[PDB]
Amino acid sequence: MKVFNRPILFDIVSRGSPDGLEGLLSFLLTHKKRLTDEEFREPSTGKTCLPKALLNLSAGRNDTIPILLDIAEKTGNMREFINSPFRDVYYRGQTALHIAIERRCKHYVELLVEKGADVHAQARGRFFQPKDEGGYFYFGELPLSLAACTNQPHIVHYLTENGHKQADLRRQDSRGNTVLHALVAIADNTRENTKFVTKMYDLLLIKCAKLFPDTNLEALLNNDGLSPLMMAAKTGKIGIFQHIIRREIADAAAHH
């Protein structure tokens, strides 16, 4: 019957044609193949067809996505498919969930999480000199930290409170950075940046008080031994620094 190989599969998925996938499940089962196999991944990056789908949206949709996830499930391959990591010159360990978040697709975020996406997958920056020159946009590696740093509160809410698999507000990346440190890292002292960063910072604190009442999220230290406050002070992030200070003063007054 119908045959699928990498160029065919990638053409279908990049055009976003659900009908083109007719016969794919049967092909994989009959030939004992999986969408994670090396022959169906981009050799230069490790991308499966799932990231390719998410990078090729039409009005925020690519209807091959649900079909691919179903095929992966029916080939005993769903978790491996969803979480298959890829790299480019800037990050390694990137996953479909990171893309779904970055492209602002709350619907695909939900879809992936419900079906087993690793909510703590770390997109680690790549470097080429003996010490990290930081040629990548740093957002705290984690899906939750990406959602926060890109100003997506509804995705932040979903990731932390959905009924399938919750991202941990207290999680730290490879630098020891929590989502709060990540927000300090991306702060730039411009008016609109300070505006959304402080709102997101407060949102996360409110949430952490609800979900983890014995945790002071602001006290957790990164690998430089810095709290978000002190990181902010050291790296000259005045806007967020001043907001955190005023917030602690208001919180103290409220309890006294």
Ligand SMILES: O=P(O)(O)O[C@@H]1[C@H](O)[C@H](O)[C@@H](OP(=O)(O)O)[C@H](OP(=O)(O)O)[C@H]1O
Second form
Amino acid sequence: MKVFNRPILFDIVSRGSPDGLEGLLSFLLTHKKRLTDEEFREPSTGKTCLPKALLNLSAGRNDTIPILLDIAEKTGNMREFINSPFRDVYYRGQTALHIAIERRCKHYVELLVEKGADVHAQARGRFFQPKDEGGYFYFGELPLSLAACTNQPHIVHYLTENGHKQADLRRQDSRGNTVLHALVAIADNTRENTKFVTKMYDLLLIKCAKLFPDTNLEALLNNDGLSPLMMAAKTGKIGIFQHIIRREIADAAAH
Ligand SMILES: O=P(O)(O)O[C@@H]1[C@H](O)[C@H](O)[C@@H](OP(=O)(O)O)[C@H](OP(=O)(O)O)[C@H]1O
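Next up, the form deposited with this ligand bound, please; the one we just looked at was the form deposited without this ligand.
Complete assembly follows, chain above in first position.
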């Protein structure tokens, strides 16, 4: 019947036309193909049509997204489809969830986590000099650390509190950095930055203590052997450094 290939699929998805996907499920089942197959991924990056959809929004929406996820499910492919990684010059291991978070799409984030997105997928930075030139924007690799570092408390709440699959607040990336180290990494000592970073830091610190009363999140060490406080001191992050100190002092005064 209707025939689908990569340029056709990507045309439909980049325009955001749900009607264009009529016939695709039947096509995939009849020809024994999957949306993760090489023929339906961008050769240069590894993107399936899912990242393509998320990068092509109209008023924040692309109605092919729910349809593609359903098609992936019905072809026994849902997990692989959702979590299929891609790369560019800056990161490898990027997933659809990273895109949905970076584009601030709360609804798509929920949809993807509900249908089995890897809440701990790591977008690892790429470098081209012999010592990491830091050409990429570092946010701690993980979806939770991305949400935190981009000032999205609702997504932070969702990712840690949802009933399907929760991001672990204690998680560490490839540098050994927890979300707290990541917040320190992105701190730049400007007023609005210092304001959201300290608020996010405390929200996560308190939430960790509540869930794991035995556990002090700001005690966990990165691979340099540094706590967030000490990383902050070493890297000149004055505003967050000072806030952690006053908070530590206030916390002892409480008891
Ligand atoms: O400074 P705060 O207190 O952290 O407030 C956040 C700020 O307004 C963000 O710009 C916003 O993201 P949007 O631009 O997408 O609205 C976020 O919404 P969120 O919590 O729903 O992620 C707010 O929480």
